[PDB]
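**Q** Residues per chain are reported as follows:
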Amino acid sequence: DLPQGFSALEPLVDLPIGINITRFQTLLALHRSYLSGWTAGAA
Amino acid sequence: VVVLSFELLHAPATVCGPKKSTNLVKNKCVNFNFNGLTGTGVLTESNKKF
Ligand SMILES: *[C@@H]1O[C@H](CO)[C@@H](O)[C@H](O)[C@H]1NC(C)=O
Numbered sequence: 211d212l213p214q215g216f217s218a219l220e221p222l223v224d225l226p227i228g229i230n231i232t233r234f235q236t237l238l239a240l241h242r243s244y245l252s253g254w255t256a257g258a259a
Numbered sequence: 506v507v508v509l510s511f512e513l514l515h516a517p518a519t520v521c522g523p524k525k526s527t528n529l530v531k532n533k534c535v536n537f538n539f540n541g542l543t544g545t546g547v548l549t550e551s552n553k554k555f
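Here the protein sequences line up with chains A and C, keeping their order.
Going letter by letter, the first sequence gives residues 211 to 245, 252 to 259 in the authors' numbering.
Note that the authors' numbering has the second sequence beginning at 506, numbered continuously upward.
It should be emphasised that the hints constitute simulated quantities derived from the structure, not laboratory data.
We put the CB at the ideal spot given by N, CA and C, even for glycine.
Some clues are possibly wrong.
[Claimed, not checked] Computed spacing ranges between beta-carbons, pair by pair: (1) C:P523 to A:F234: 51 to 61 Å; (2) A:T255 to C:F537: 51 to 61 Å; (3) C:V508 to A:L245: 17 to 27 Å; (4) C:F539 to A:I227: 18 to 28 Å; (5) C:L529 to A:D224: 38 to 48 Å; (6) C:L542 to A:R242: 50 to 60 Å; (7) A:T255 to C:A518: 24 to 34 Å.
[As the list claims (entries may be wrong)] If we take Cβ atoms under 10 Å as the criterion, some of the chain A residues that face chain C in the derived model are: (8) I227; (9) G228; (10) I229; (11) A258.
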């Protein structure tokens, strides 16, 4: 998943937020099971 | 009555007045002000791909 060679990373969006950030977390998507209320998944 | 209150904080200013487009003149030595960059030079056509 981490391949060789070079892949230049292009810019995406610079945002003038001006806040203090020291921690971060990832958000995932979960689908309702409708049958264990959410379908099992891995990321 | 409409009361306008102006405040300045350590955060960068983002409410600002209108900016004049004016016009572009080429092939002559003219003072140029491009997005805050000032100077003096002749603006010719460019074949460089940005
Ligand atoms: C940002 O938050 C951290 C943790 O609360 C704190 O140590 C740091 O002083 C804060 N930054 C500023 C500029 O206050």
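**Q** None of the hints should be skipped; say for each whether it holds.
**A** Status of the hints after comparison with the structure:
no.: 1; hint: C:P523 to A:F234: 51 to 61 Å; verdict: violated (38 Å)
no.: 2; hint: A:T255 to C:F537: 51 to 61 Å; verdict: holds (59 Å)
no.: 3; hint: C:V508 to A:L245: 17 to 27 Å; verdict: violated (58 Å)
no.: 4; hint: C:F539 to A:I227: 18 to 28 Å; verdict: holds (27 Å)
no.: 5; hint: C:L529 to A:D224: 38 to 48 Å; verdict: violated (27 Å)
no.: 6; hint: C:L542 to A:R242: 50 to 60 Å; verdict: holds (54 Å)
no.: 7; hint: A:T255 to C:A518: 24 to 34 Å; verdict: violated (47 Å)
no.: 8; hint: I227; verdict: holds (9 Å)
no.: 9; hint: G228; verdict: holds (4 Å)
no.: 10; hint: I229; verdict: holds (9 Å)
no.: 11; hint: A258; verdict: violated (40 Å)
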